[PDB]
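Protein chains: 2
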Amino acid sequence: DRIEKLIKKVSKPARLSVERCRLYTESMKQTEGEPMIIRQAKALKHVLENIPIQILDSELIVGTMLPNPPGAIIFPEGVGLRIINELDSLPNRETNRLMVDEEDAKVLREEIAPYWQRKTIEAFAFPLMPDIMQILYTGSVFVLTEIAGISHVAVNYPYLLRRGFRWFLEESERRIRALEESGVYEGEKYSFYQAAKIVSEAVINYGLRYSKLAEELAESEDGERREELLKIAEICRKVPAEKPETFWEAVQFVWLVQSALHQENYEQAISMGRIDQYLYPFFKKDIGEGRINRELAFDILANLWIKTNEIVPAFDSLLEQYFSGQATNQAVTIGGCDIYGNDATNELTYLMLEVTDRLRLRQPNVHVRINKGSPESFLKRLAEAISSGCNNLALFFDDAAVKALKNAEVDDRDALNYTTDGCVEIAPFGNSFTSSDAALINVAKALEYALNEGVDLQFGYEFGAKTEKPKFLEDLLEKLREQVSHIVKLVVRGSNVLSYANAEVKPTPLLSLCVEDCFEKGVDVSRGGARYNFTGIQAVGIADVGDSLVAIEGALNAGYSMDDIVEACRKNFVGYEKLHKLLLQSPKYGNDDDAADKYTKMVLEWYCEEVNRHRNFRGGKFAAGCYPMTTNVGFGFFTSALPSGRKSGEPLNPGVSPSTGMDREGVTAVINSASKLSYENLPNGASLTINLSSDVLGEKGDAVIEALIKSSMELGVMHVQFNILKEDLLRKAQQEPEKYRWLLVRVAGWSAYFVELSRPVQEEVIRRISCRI
Amino acid sequence: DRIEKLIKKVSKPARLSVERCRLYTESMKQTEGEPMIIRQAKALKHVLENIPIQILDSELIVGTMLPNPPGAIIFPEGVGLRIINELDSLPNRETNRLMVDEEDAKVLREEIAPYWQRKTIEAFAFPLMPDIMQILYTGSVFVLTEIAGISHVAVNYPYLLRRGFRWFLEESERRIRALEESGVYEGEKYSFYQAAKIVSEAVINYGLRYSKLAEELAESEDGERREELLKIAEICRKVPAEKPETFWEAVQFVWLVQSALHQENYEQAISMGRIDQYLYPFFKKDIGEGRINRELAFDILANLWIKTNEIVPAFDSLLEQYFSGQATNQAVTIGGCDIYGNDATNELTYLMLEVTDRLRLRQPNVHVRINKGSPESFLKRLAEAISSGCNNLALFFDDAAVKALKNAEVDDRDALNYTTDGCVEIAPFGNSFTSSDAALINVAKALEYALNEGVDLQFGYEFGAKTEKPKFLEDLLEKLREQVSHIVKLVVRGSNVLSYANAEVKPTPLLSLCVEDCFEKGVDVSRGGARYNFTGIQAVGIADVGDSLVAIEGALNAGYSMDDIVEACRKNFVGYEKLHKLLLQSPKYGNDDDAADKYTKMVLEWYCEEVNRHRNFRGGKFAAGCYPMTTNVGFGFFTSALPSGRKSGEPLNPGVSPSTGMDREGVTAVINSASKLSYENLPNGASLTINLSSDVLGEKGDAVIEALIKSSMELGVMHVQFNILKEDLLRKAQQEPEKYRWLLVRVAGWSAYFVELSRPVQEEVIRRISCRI
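Residue numbers (the authors' numbering), protein chains in the order written: chain A, 4 to 776; chain A', 4 to 776. A prime marks a further copy of an entry chain.
To be clear, the hints were calculated from the coordinates, so they are not data collected in a lab.
There are no misleading hints in this set.
Because identical chains share one entry, a pair is satisfied inside a single copy or across any pair of copies.
For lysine to any residue, the following SDA-like pairs were computed, each having C-alpha atoms within a straight-line distance of at most 20 Å:
| # | residue 1 | residue 2 |
| --- | --- | --- |
| 1 | 287 | 345 |
| 2 | 604 | 718 |
| 3 | 409 | 178 |
| 4 | 287 | 381 |
| 5 | 288 | 381 |
| 6 | 472 | 484 |
| 7 | 246 | 415 |
| 8 | 524 | 415 |
Only chain A is shown next, with the shape it has when bound in the complex:
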């Protein structure tokens, strides 16, 4: 069958791809001194008209993301110069290896890198935040990702599918004329429609190139395959330019613009939204008009899922520690309700679960919305996939998610119709720009500053508020809240400068067509044309500070003073080995223990209310999230010992999941603990990962996992994801990695091949495998 041929032709080693990077620069040199949005349009056009294209083995959906797939696309306007600086290490390094063709390694080092030097987003922002860039680079307090660009949005495909790109081209033309009739006093709006025109033409022509290759391959081909390539030629002539009428035409539409978007916007989290909802009209018409059958429809969706595995991120050695596991994350959202609360599961929802279950690949990040009205069969079928170790699903609970959005002042209907993107981030579908991973914040560092008068405990960094030495518990709490505030303020200032920087040196016109209000208002997405505008920033280490507070509570209570506890931390418990054992013995978040997990909850609420009050550059507000990527590990390295008994250098806790090995009452008790957090104030999402041994599942694999699903729904958690892991298979995968490179895990919000995770991160997924409950 067809899937088998497709699966094997994305299992070959990945390369550092260069053709987008080159042709971009080539256009940007031809365009210097022109209006920047037109330059971006013209660059995107040039790459789409000149990138090598190929249709692959037995494909029904075409559009390689880069020529000769598995690879990394380079964005030197953003953060692609990070990776040029380490070209030697790329083919031989332990995680996310990329072969580099040495002929184009020369093209990067002396053609690309000297041009883009000081033409980047970071070059704009630097003189405006030099003090923030300095503390960013210490790796210890936060990371700001908007250096690399924005992305992180589920693309409004239903907006696109109701118009097609020939509409945009013509409408841009009507609007260019009308602007000229009024004497072009609206220069910005004019530049926009000029860009839109160009960018529409590019996309139309890009479909046309694949139509021509399909025709060229079919006069050289036999039987059924010749029938297929002639269909592909016919489809790609029509769509991305016209409104599609068939399901195949719709799925080929979305994938062309999806691959196109990846030439303009950087690799992170460009998602497809509620794909089961909006492909269903074409699907329902085609079945029962006989046009297609169920197995062809399956193969079509399979092809799409498989194609999103063509990218792998261009992360350097440092970025591999904080984002380990080949994180790109073109997400897909299935299931959920309509704008009335009715169940919106259709037959295409089930289909999409099946193709996900069969494929078990690292990508797409499949996100399943469930609620109290989801069909019982669908929950069973979800539980079967998860229990049989598919390890590639995430569950999103509608109740908590729409409550979060309503507090972020989203409309009823826009909250009900939400989508997901990236790992765990939630957003109104199609009319929002949420910059959903704009920063990640080490809140453990806040506590560290809070007991050392705004100095780093082991590094001498004066980055914190100038608080005093703490005495009692109660005035460490005030000092903590003040420090969280201070650190949040640092990233809100930083991200805003960066958002202005993006608007100025990297507007993104194609993406703008795909995000509602932008095209109609004639303002680019990076300037704020989306209806809702948000900036998602994330708390990491919420349990580490929570637990350190419980452990301080009891240690003062019986015996010790504050000065002891900070000195213990500074000295890494060397010479403090009695107290340290009492700290470690103290109650932990993750065990349904109110006296422990009330502190973590309170820490999150403080964080949330300190975030949600600030406004961003794009004219909306900031949005609080709690998910780690692998920055809980990265920040950990440079986090000192904290009064929870965590040793200096050790990993922090991931998302809203408890610290490693502190979950002694088991997996149901973790969920009870996690569902105590105020999700209603967390509108950028939360990551809860539950790791289960396969033996503990046993014969009743189904029953016990559906139990956990219905339990997390009833107790009101926002997000849950599961891992079914066999420990010595994971041990054997360290030993012979290429033999076991099919081994899938959920890291902290996304699927990675276990082999591609670093040693600290691997050791963490192994140690978090739970047996109780």
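Position chain A' against the provided structure of chain A, taking the given hints into account.
Using the frame of chain A, we list chain A' on its own:
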């Protein structure tokens, strides 16, 4: 069974009700000199706390619209003083008779009428448009209904059902405090929340009064009925104040606020929206939790449908000619698609069709959205009801309707999720104020002015543009377009003055809570707080001017001159009997004849583009509609003879339906003609009525009506409605009216009891019964 007991207790003669009118005045006297929005709040409160209430025979849903039902509610702030001026004629007049208690007839004539004299909406607007009021009252050119108030909106029940009125009360209280903290510089916003508070309290207390009556009746009652009244007591204690959790709780919620709204806002078109979509979560939960069964659910909906028959309009003798047939029109919208295009028919859609089919009462105005993806069973089931003479359905075609809304600049999703209200008017659901019957315009009068240099042909009224005497056909067309323009401008000026007048003397705070953005922005609905703001104005006589143009074309062509044709018209074809026969013989709109129906289409497009360009007071734009009420008759009386051969005084054509007896090629050919009109420019709706003889249906009643349904969908019409009429039953209903007062007809967008239509209107429904196709 229960329905039978309920049906018979709204068949008694109607009264002129006075208790709302009185208690309103009573409060308004206590409140003089206070902020008008607070006065309106306090008045509404006073009536809801003091109106006599009663639970009726075997009711499950309670909330009489007026004490002792069938009746008219009087709004002296609007147009209720019209009817006091004719108190003597009310119990003994031929249509819409109202018994008047002579004790409260004295209260109207010397307590109500001298107070409200010059405190009305019209009193505000008069000095600002005295020239328009003068030409309004000649009845000949347009009617402006906003003298009477606004209404005409489908109420946002899902907004309400997700909050409940205790939320509003408390939120108003938080917002009143925060306004005070900032020193109340936002006085208007402050007045608003003050009103909202008051109006929420009123509604909570109003539910509580019905809870107490239910408790009082149940300590005096037996068995099953005592079980029911105790449930009603329990339900009305909880809801309108809390979010409902059961289906019965939901339906009782909506009806309480629905009856409440009718004490604040005048009788026209306060509708319930997509009721099948938003009651379905409660329904689906209750079935299969055993809470309710299918027959109880039926009875609950039956009770609601039956209760909307308690009102009958307070129209005087002149208003009865232009709005004959007891038009109030609490509409209900079932069927249609979601915001993705998927079919949104659920089991509750079918239920609602069934209760409609069984009841066959004049009210609710049931509106069925269908599209190309509607289930085949549902179309069959619609066709069965219609063919069996139910005569109480209207069909709305999604394709044409969402295209109309998108051109009015409605968002994709808001257009897909549209609702209907009144007769045929369409609107984004829940976040719009469209004033959907704000005016009706006699476009035949435009043509009359167009060939008499802006003078009325038989009345000497100089109300038209000062055009010249027409010579050729081509320069009568220019002169026509200019005259349509001139007349539209007159009503846009008039309606805007009136809309400002409403905002000033009749803000409507309860209704404001129910229309989205209003409460959140803290601005009343009449001031423009709704997300979309529109003003619906209607063309009447589009075929009369269309046909007069074809008839002018051929009459000039062969022989005659322009001066002849106008003189013929002025002289009512007396002395012009040859030419008149040629005019009558000329091609007519309604027969699929391009040479005829191209003129009508063009007339509508001119009208539409002249309307849709003007902006209203509430900060949106005007919206073009084409439906008559019975003003096609009323305007007819005072319309002179026109070159189509229509005699002076005769009725004009209704909606987008052809002139009476000009539809010689039959019913399919009428639909082809009607589907040539540009619906994409008609965003306030169109009325097409198809009248069929029951014999012509024959044994294949189903087949031939589904044929017409699928034909009107395929040919792209906006709205169609059907009548199955037996001619001599209608003849017998003139003879013995009270014996035949159950006889239902669709007038031009709504159901009336044939007995309640005037002689000119009755004669029209009889003569329009078609036999061909």
